[PDB]
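Below, in structure tokens: the form solved without the partner chain, a single chain.
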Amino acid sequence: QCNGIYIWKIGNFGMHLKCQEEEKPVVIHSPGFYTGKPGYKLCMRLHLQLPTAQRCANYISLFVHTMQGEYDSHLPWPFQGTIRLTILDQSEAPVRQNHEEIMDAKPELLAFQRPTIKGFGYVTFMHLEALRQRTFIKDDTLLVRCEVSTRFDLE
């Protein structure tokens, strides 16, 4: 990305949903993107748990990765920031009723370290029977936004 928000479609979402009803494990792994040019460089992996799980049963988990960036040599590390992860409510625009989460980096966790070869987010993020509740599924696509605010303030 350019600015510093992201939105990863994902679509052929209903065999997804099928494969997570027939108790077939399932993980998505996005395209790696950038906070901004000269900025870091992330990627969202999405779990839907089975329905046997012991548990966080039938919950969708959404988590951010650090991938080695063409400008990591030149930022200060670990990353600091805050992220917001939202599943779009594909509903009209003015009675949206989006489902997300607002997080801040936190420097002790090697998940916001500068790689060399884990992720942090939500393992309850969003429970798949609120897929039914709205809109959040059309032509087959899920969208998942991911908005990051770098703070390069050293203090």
The other form holds:
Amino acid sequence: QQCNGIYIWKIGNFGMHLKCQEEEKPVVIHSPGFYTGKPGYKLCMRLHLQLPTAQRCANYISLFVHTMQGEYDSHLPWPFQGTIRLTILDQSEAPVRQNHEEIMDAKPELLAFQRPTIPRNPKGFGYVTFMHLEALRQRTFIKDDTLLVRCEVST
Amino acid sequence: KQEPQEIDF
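Switching from the form solved without the partner chain: structure of the form deposited with the partner chain bound?
Below is the whole assembly, all chains and molecules, this chain first.
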């Protein structure tokens, strides 16, 4: 059997988030906290739609990962080590599917990978420029006004 | 290759 922890984050009412971003208002949403297994780490994803006017990163989807205090923390090694695959799923025809993803190795020297002293680690690890919003107009990433984000963790 | 980074929110 396989052993990686995988979470599928469904972000509904996406059109509403886009309108908000275009109105130059912050758009920050988090996935529910999820476990990489049992025992496993409790993590959550953070998605930001950068403002149309953000200079370093205008009109980008930012995607980060945060460690959280989990119920199995006493039975896990720390700091966290492993790889995390972040993917925005193509929901078009299966004939040929091109997901948009990045794979990142954890860096144990960063406090983002230690256990937080509060529910959610203030420090997160990820990509400010994960995917440009214009990319959503090139493939059916949005279906039934929903975006699908996948997170696979390999410890 | 795009490289991830740590951000303190």
